[PDB]
Amino acid sequence: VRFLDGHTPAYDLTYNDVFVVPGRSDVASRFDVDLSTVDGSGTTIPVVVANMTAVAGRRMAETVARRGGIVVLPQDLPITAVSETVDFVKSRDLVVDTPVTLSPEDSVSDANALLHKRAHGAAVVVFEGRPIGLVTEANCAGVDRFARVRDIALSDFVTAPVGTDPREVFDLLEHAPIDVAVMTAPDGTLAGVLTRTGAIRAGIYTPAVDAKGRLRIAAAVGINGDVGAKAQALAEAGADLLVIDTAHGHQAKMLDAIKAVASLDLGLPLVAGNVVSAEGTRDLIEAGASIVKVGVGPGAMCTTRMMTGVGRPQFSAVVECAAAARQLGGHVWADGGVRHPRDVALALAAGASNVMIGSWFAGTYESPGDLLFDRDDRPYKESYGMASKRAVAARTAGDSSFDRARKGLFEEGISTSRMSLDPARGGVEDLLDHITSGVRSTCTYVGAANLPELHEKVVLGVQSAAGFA
Amino acid sequence: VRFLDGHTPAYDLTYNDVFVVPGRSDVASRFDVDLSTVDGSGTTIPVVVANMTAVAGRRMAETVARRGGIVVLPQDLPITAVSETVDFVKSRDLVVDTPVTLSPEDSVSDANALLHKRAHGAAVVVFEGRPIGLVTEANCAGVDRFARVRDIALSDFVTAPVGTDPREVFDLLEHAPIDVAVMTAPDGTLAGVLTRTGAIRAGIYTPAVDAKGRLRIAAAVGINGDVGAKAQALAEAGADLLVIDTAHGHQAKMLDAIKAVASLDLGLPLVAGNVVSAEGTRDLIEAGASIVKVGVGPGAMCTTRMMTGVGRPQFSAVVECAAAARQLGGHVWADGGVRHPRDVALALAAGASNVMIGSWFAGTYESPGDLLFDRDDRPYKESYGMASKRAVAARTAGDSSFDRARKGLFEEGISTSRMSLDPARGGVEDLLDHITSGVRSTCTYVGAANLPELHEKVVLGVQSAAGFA
Amino acid sequence: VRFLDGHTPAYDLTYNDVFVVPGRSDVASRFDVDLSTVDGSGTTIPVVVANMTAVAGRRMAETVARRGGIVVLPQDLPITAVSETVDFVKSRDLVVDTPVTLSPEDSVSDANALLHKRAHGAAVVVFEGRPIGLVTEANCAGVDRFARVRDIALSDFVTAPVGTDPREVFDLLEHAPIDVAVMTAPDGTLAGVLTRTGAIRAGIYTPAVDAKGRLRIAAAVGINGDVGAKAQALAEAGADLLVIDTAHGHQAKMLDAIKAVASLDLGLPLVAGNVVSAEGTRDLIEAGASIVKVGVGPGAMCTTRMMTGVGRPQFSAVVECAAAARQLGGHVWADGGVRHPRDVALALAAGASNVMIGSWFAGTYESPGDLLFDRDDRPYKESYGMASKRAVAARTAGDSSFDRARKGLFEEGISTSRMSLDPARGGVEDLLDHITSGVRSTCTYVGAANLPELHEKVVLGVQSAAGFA
Amino acid sequence: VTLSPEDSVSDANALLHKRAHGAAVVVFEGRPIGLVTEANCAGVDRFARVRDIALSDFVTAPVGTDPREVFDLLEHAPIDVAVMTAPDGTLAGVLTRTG
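Protein chains in written order, with the working numbering: chain A, 18 to 486; chain B, 18 to 486; chain C, 18 to 486; chain D, 109 to 207.
If you're looking for bench data, these hints aren't it; they were derived computationally from the structure. Note that beta-carbon positions come from the ideal geometry of N, C-alpha and C, so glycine has one too. Honestly, I wouldn't trust all of these hints.
What the hints assert, rightly or not - Pairs of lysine-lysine residues, derived as DSS-like cross-links and limited to a Cα-Cα distance of at most 25 Å, are as follows:
no.: 1; chain 1: A; residue 1: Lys134; chain 2: A; residue 2: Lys474
no.: 2; chain 1: B; residue 1: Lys134; chain 2: B; residue 2: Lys406
no.: 3; chain 1: A; residue 1: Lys134; chain 2: A; residue 2: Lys107
no.: 4; chain 1: A; residue 1: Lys474; chain 2: B; residue 2: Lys270
no.: 5; chain 1: B; residue 1: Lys270; chain 2: B; residue 2: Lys424
no.: 6; chain 1: C; residue 1: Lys229; chain 2: A; residue 2: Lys270
Claimed, not checked - Pair by pair, the computed Cβ-Cβ distance ranges are:
no.: 7; chain 1: A; residue 1: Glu101; chain 2: C; residue 2: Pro178; range: 48 to 56 Å
no.: 8; chain 1: C; residue 1: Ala170; chain 2: D; residue 2: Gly151; range: 29 to 37 Å
no.: 9; chain 1: C; residue 1: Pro178; chain 2: D; residue 2: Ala185; range: 37 to 45 Å
no.: 10; chain 1: A; residue 1: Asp22; chain 2: B; residue 2: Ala269; range: 23 to 31 Å
no.: 11; chain 1: A; residue 1: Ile96; chain 2: C; residue 2: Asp182; range: 38 to 46 Å
no.: 12; chain 1: A; residue 1: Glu101; chain 2: D; residue 2: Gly151; range: 19 to 27 Å
no.: 13; chain 1: B; residue 1: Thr25; chain 2: A; residue 2: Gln249; range: 21 to 29 Å
no.: 14; chain 1: A; residue 1: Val476; chain 2: B; residue 2: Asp391; range: 18 to 26 Å
no.: 15; chain 1: C; residue 1: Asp391; chain 2: A; residue 2: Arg19; range: 27 to 35 Å
no.: 16; chain 1: A; residue 1: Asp168; chain 2: D; residue 2: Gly172; range: 38 to 46 Å
no.: 17; chain 1: A; residue 1: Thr206; chain 2: B; residue 2: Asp391; range: 39 to 47 Å
no.: 18; chain 1: A; residue 1: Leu345; chain 2: C; residue 2: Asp391; range: 58 to 66 Å
no.: 19; chain 1: C; residue 1: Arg442; chain 2: D; residue 2: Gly151; range: 35 to 43 Å
no.: 20; chain 1: D; residue 1: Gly151; chain 2: C; residue 2: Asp182; range: 56 to 64 Å
Said to hold, decoys possible - Covered stretches of chain A, going by a simulated chain C footprint (3 or more residues, C-beta under 8 Å):
no.: 21; segment: 328-337
no.: 22; segment: 377-391
no.: 23; segment: 435-448
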């Protein structure tokens with residue numbers, strides 16, 4: 018990377034210490050920029066969903082795959098659940114989104130609960146595979162709490178055949194009272210729904226698909242036990258990417274796991290981490306890892322850097338890891354704390370081929386967590402609220418109560434960080450649009466048509482802390 | 018510019034990182050300093066009003082031109098409105114200010130609304146061109162809400178002929194109960210008003226006038242469409258300065274626009290921006306721009322630097338751009354975030370020939386926005402409250418709803434930043450006095466009689482962030 | 018110590034300026050790390066309790082000695098009290114903890130007061146040396162305020178013989194309603210109690226014992242009067258470590274005191290302080306001090322650095338003192354402000370053989386201060402609440418009221434800093450577990466099996482203050 | 109209050125408050141399986157299918173028993189509900205000490 022003249026600090030840099038200097042640009046608009054990655058993950062956008070239990074959901078996987086990203090499944094899930102998730106994801110359409118389907122004679126409370134599980138805002142009533150109506154907001158107000166769904170149905174939905182160009186579907190929704198377009202198969206069976214914003218995103222974004230034309234998905238494996246057996250089982254399940262993660266990637270056990278998994282020669286790209294050093298990245302790549310995960314305690318006040326003195330600023334670590342990996346032909350992923358598009362833009366400029374988003378996507382409808390309201394009816398979802406129970410479901414490992422208590426004595430309990438739902442960006446697609454707009458604006462300011470060009474021509478500067486007063 | 022010995026930081030500097038070291042001075046008082054610019058804009062003060070819809074008003078243009086500045090009109094205004102504004106501004110007197118005129122039989126609510134549109138605090142009643150009285154504050158209290166103006170009039174206004182030396186006009190207002198001096202033409206028709214503070218400012222300040230002895234004004238053009246036609250239309254309308262602005266000035270489209278406008282050879286000075294690099298300034302000047310606009314995402318926590326990593330500290334960017342432009346014979350304008358006279362003083366010391374003020378002037382009476390009160394009756398004006406509607410009035414460009422939605426998907430909505438009215442500095446003239454006093458004190462401390470001398474003898478130092486604790 | 022390339026700041030570093038870079042590690046888990054010190058203090062953990070009146074209690078001494086640390090007694094205590102404390106501490110068991118014993122016919126209010134003096138949560142009723150029952154929480158609710166203890170007793174306590182392996186004691190408490198295991202001597206007399214967490218800590222931690230197999234303890238002496246007589250009296254009392262402390266250790270009087278104490282040749286290790294300079298450490302070691310105490314006004318906003326400009330950042334001072342002392346064969350102790358395990362980890366990485374904890378341990382049950390509740394019933398203990406009275410008990414020194422007032426005129430009154438009790442970490446053993454977990458995680462991240470190896474292979478980096486925004 | 113298996117747990121919570129017994133019986137093929145009581149829905153998944161938090165610890169007595177002995181049978185019971193079934197084992201009703 019290139020810095021300004023004389024900008025050679027005696028310290029590691031964070032995302033608050035750097036800025037991008039505008040250069041000569043010929044890019045007309047944001048749409049003239051290609052965001053496709055070259056790391057082999059197959060994503061058309063540099064957004065990757067972290068493998069956390071409170072974020073890596075099935076609906077999230079479907080949505081992110083359709084919008085061009087990829088989601089890594091948690092490593093504690095059973096093989097049957099992973100196989101079911103992969104089969105459901107790879108059976109989805111590349112344009113339409115799977116709507117919330119309600120059978121007749123169901124409870125109205127169940128319908129209200131299912132309404133908020135997706136950003137469409139309308140749940141279709143289906144009988145014999147045929148749509149009957151859409152249940153929308155305020156339909157349950159004043160109605161008997163024991164209503165049987167087929168009492169407040171609104172059979173006023175716009176219908177179009179599957180395969181219609183979304184350009185005309187957008188026009189058909191110009192004067193519709195509900196921004197939902199239920200499209201049915203030629204035999205009349207339900208296939209999916211569309212919306213004006215969904216049609217625009219379908220025309221803007223490019224879905225990330227495998228060689229079979231199906232949505233891509235990823236899965237993770239732990240560092241304990243027979244790693245080869247789990248890797249083989251996940252590869253047979255249809256996973257397109259394997260991620261071997263841990264708190265400290267630069268250890269002998271992770272090297273042994275990488276050697277064991279790479280010996281099988283499954284052909285899938287391999288992701289390992291996390292390291293924040295050039296030596297660690299080189300050691301991980303030499304062991305057989307194609308993608309190196311970067312970022313260990315990036316924050317200066319995070320729990321890791323308060324328990325221990327171990328850590329490193331994200332920007333310098335990513336720069337060093339990318340510089341070490343590119344000469345070996347590998348790629349790096351930014352696995353820090355991302356809460357603004359500036360972080361993603363700076364990570365891409367540093368040389369990272371992909372940026373993974375963690376807890377930020379937990380505050381969306383598509384996240385597996387259940388929606389609950391605060392005292393002021395603030396929509397929010399409890400991060401790590403039920404992940405601890407799922408974590409200890411596999412942590413027990415059949416050990417006795419004495420061993421479990423001995424392990425848990427030193428273990429520090431992660432608190433449940435409340436994350437308020439953004440009313441203007443409730444769906445994860447809005448956050449994806451925000452991040453992609455930020456990255457495209459960065460590319461236009463720099464004057465690059467694609468991410469490698471952005472990394473090539475980026476010019477950075479250093480600023481002091483006095484500007485934050 | 019000259020810095021202290023050993024003050025060579027490894028980072029770019031903001032306005033919080035620098036300070037002015039006092040030197041040997043022989044300037045007796047603040048009044049012994051000339052603030053006239055040499056950039057060719059014709060302003061007697063380095064204050065320029067930004068071309069924003071919520072600030073660039075007609076009354077603001079008149080007031081700033083009379084006080085020695087200049088105002089750039091928004092580029093989205095129609096040619097007829099711009100022509101009307103120019104004709105009204107160039108038909109104003111160089112000393113007296115245009116008062117609020119109320120015709121008889123009007124609504125008292127309309128009179129109360131018109132009272133707050135200017136800082137005079139008294140609205141004159143005019144019939145057959147002759148003043149009848151002045152409606153002042155608290156005149157509408159307790160009176161019927163449907164009063165017809167000519168029921169609470171106060172015919173106790175001091176009258177003086179037009180052309181009287183303001184020195185005696187100040188004495189005539191020594192014991193007057195209302196600090197308004199209505200002056201009428203020799204035929205008895207109304208021409209304008211004056212006040213003690215207005216007389217003092219008329220004796221202190223020098224109006225910025227063109228070759229015809231009329232108040233100066235500027236207009237802006239967009240970067241889309243036939244730039245030459247708009248430039249020709251504005252030049253024919255009587256504009257004295259053209260400003261071609263955009264988010265990123267260092268692009269090929271802006272270079273083409275500069276080449277197209279300069280090919281017409283209208284003779285007017287040309288302003289282009291924005292760039293924060295020496296290469297960008299050189300490219301803009303070579304294309305045919307006489308004045309370069311500086312500043313792109315100056316704040317470390319601004320919306321631009323949170324969406325993207327693109328930006329630069331204002332001080333270093335202004336210094337570099339001025340150093341690059343002066344050797345080419347051009348001039349630079351500071352277009353950062355100005356909220357204190359320190360910012361203007363440091364920008365002038367850096368080498369900028371003019372400093373443009375944006376949202377700061379929106380919280381004044383003369384701003385085009387309407388005055389409204391908070392729950393605690395706090396006077397304030399909604400910045401960008403109606404500018405969005407005016408922005409989309411020209412952004413539609415006859416495109417279809419599909420294209421408009423596709424454009425607006427990536428667009429980020431600018432929030433309406435409330436700006437409270439300063440009770441002691443409600444009028445923009447008070448802010449102008451504050452800024453000019455700050456600049457004059459800076460000049461006296463440095464020991465310079467004019468802005469080029471201030472830039473010549475200025476000595477700067479660097480301070481750490483520990484002083485802000 | 019080793020820093021990253023180019024990380025050579027022009028200033029002294031605190032604990033907020035440094036971070037630990039992960040290296041190649043082969044440590045399987047936290048339990049594969051040995052925390053034993055090599056400074057000669059005999060502690061199995063680097064935790065040392067400060068010699069403050071509000072912290073250095075008898076129960077605290079017993080608990081810290083059993084958990085592997087050491088406690089220094091205040092220097093103002095009389096020789097009889099110190100002898101009694103040493104005799105009580107050295108008469109304790111290496112596994113079981115001394116419970117709260119209640120005799121029959123006592124006041125129930127006294128029982129309630131004694132309940133909160135230890136973290137067991139159950140006070141045993143003893144008659145003729147035989148346990149009768151355990152008084153637990155909520156037993157005093159609704160009961161007459163003048164109850165005689167033997168009216169709400171619960172004779173449902175699990176009993177095991179002394180010497181039983183805690184592995185089976187843990188199993189015996191699996192279904193017990195009270196997590197207290199009262200163990201009695203073979204003659205049936207009470208000897209102590211145990212708990213599940215206590216059994217785990219007994220199996221994890223190693224008690225710090227002297228050559229006689231008894232818990233270790235330390236005492237302090239003032240710098241005034243005949244230091245040799247006090248040192249001889251404390252050595253005869255059974256103290257295992259002597260600490261000569263003062264505000265400014267690098268003074269002639271402290272050198273004379275060190276020479277006087279070392280002339281006696283008591284054979285005990287000697288601790289002196291405090292100094293923050295290499296010259297001071299060398300002077301103290303040459304005078305006859307085996308351990309040098311480091312840290313004088315470490316905070317940038319502490320009372321010492323606000324009264325005077327005297328001070329130094331803790332990290333740089335500790336590094337310099339350790340570097341100076343190791344070549345002379347001595348050792349250094351970190352005596353700064355410790356509130357997080359990160360501070361202890363960084364102090365150990367800097368080269369310190371032990372880290373002393375001051376006011377942090379005051380907010381525990383085992384501290385000598387009495388427990389009192391806030392308006393919201395917040396458990397807290399008044400730091401320095403009664404230490405001032407004990408300080409002036411020896412400060413009077415038989416001087417007249419005139420001399421006392423003359424001394425106290427310049428003296429600044431230390432305020433009583435309220436320290437809230439942590440509900441999840443009420444006992445000091447929980448804080449010890451937290452700190453040891455932090456240190457073990459640091460060691461695993463670095464890749465060291467013991468503290469000297471941690472100091473050998475540690476690699477540090479420097480970060481700017483912009484990361485704290 | 110009778111709850112069939114595979115029903116929504118929210119419906120069970122709603123049905124719990126419809127009577128003063130405080131316990132809703134789970135019935136399958138006319139046979140009681142358990143009683144859903146208060147705080148059973150706390151922390152449990154909002155989409156629970158009833159037959160996941162059932163408590164099969166209900167006291168059973170034949171219909172026609174003198175309530176004097178039914179009161180004694182409920183002296184130490186943790187739930188003050190006495191589910192009584194018909195001689196063929198089918199559910200007929202419930203009783204309590206106060207009842």
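Can you give the numbers of the hints that this structure goes against, from lowest to highest? 1, 6, 13, 14, 15, 17, 19, 20, 22, 23
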